[PDB]
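Single chain ahead, by itself, as structure tokens, in the form solved without its partner chain.
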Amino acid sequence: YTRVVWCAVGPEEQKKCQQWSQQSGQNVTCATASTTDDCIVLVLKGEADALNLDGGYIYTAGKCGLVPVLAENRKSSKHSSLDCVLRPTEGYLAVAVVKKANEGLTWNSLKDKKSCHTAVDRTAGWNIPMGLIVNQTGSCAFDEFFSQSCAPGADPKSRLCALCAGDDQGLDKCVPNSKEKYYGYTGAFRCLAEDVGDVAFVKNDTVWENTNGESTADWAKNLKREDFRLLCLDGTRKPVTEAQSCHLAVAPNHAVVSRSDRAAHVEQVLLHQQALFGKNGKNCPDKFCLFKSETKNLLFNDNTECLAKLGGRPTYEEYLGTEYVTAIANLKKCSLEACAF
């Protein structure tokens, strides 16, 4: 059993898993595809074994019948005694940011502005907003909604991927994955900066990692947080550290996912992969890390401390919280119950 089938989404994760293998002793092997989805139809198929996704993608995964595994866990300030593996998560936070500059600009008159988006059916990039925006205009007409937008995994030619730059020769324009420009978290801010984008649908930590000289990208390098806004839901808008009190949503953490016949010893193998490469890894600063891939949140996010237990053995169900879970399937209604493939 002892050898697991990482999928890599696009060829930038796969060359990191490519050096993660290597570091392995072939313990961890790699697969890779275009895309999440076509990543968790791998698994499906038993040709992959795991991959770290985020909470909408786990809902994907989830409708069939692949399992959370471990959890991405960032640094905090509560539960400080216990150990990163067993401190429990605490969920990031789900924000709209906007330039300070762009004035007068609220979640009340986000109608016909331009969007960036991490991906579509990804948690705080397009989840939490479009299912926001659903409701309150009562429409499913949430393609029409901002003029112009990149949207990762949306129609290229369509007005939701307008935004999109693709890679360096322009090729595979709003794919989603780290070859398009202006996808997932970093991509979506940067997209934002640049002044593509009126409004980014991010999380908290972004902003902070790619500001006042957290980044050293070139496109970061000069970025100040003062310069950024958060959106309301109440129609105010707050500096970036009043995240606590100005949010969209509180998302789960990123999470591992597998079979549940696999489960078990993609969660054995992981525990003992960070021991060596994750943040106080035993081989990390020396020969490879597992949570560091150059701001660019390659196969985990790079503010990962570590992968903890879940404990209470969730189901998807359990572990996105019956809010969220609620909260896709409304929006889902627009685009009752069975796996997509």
Second form
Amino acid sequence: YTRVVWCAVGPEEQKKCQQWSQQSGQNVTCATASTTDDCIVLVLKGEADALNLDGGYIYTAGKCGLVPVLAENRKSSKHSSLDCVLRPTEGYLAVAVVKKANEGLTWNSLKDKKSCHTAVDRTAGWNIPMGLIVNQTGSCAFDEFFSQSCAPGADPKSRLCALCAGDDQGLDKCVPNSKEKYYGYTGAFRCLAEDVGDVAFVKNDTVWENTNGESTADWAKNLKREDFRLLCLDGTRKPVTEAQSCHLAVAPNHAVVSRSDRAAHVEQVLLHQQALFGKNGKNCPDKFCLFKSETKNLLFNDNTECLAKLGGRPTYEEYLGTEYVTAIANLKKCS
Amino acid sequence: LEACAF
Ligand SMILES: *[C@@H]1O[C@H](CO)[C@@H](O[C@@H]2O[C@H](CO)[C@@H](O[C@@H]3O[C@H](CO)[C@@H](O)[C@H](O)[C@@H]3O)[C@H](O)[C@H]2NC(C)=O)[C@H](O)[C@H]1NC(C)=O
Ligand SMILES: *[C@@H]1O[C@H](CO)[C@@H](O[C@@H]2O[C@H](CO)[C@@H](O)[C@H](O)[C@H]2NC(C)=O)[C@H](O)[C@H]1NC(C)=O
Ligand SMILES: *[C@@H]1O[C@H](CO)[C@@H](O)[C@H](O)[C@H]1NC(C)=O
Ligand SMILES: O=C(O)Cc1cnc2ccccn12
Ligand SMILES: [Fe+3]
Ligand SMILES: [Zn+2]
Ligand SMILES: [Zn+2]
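Just the form solved without its partner chain so far, so send over the form solved in complex with its partner chain.
After this comes the whole thing, all chains and molecules, with the earlier chain placed first.
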């Protein structure tokens, strides 16, 4: 009797999760919460077993005792002869993106501009950029760096939320789930694409996946990569093809966390589940694809190839890396 | 440092 309860963040993930439950013969069922932290709470109470998390949340969950089970592994180059589930994850590139036409905008002139973040507490969208900015400005008043922003999870009436648009009925403004138009990698990038913001803190892959026809969504179908630039830390601006030499940091892959006593089962289930609905899963695209959601990245990132076994039975600190963990610890000393 | 936020 090993039934796994997943935690969906927001009505859209709940929707996708219920389809997954249905297709899984209920070997996976769904619990739902409004925020990722709520989801972490539910798992602590055991009202839920697991969920996929950005490194920044892995940190919250980890302090609460939850452990990494499997990590997101997207398309790779080296190590590729090895099975995706046995391959070492290579982390992703956190980057700062802006419109090319917004000439003279560099890392060194971000003050009092408009920013777009995936969400408060996330790795590329917040921990890395805010950590860097707090450090470089020698000030903890990061809610006063940019003139306005959309940083889901912040006070809805604060300027950190001024650019957020809420759902299609204008409700839920700045919630840290996908109902907020500018939430996550995609929402933040869109916030920049529509010029609501001057800079978006997302990862390298997001710029590629929503440009040059990679996304047919209405706001993105017509975006061109040439019209965007990455802000390197040395003050220069580079084409989005140079992320390898123009990024804020390399971030650990999003990963699944669960309680310890549920970790083995949750692992067994997911290894089986992705065999069915994973990339070449026996039932995707036929019945259900676990790693697709019309680019909204629900439950898992849309570019995930598989969930990979972790080498060394890593604690959340070993998974995230002492460096990142310290960077977070340091940034959190601010609020 | 340590202590769960919840
Ligand atoms: C923003 O600044 C903070 C404070 O400097 C950065 O944290 C500092 O991070 C370094 C590098 O990870 C830590 O040092 C290392 O020290 C250990 C021994 O303690 C050594 O084994 C390692 O090989 C390395 O030398 C340093 O301890 C740490 N400082 C504090 C107070 O924790 C943080 O990384 C910066 N944030 C960002 C996003 O860069
Ligand atoms: C930044 O992200 C993009 C998008 O994921 C990476 O390019 C992809 O690379 C794979 C092989 O790695 C190609 O087969 C895909 O077709 C590429 N995607 C697109 C949409 O072109 C790109 O390599 C990343 N750059 C760095 C430096 O990591
Ligand atoms: C559900 O779990 C059982 C028990 O291991 C397994 O035999 C069955 O194939 C699973 N079905 C699906 C759809 O996951
Ligand atoms: O210990 C590990 O197995 C992985 C790890 C732990 N801490 C760090 C810091 C930087 C890079 C990798 N790290
Ligand atoms: Fe992330
Ligand atoms: Zn680097
Ligand atoms: Zn270890």
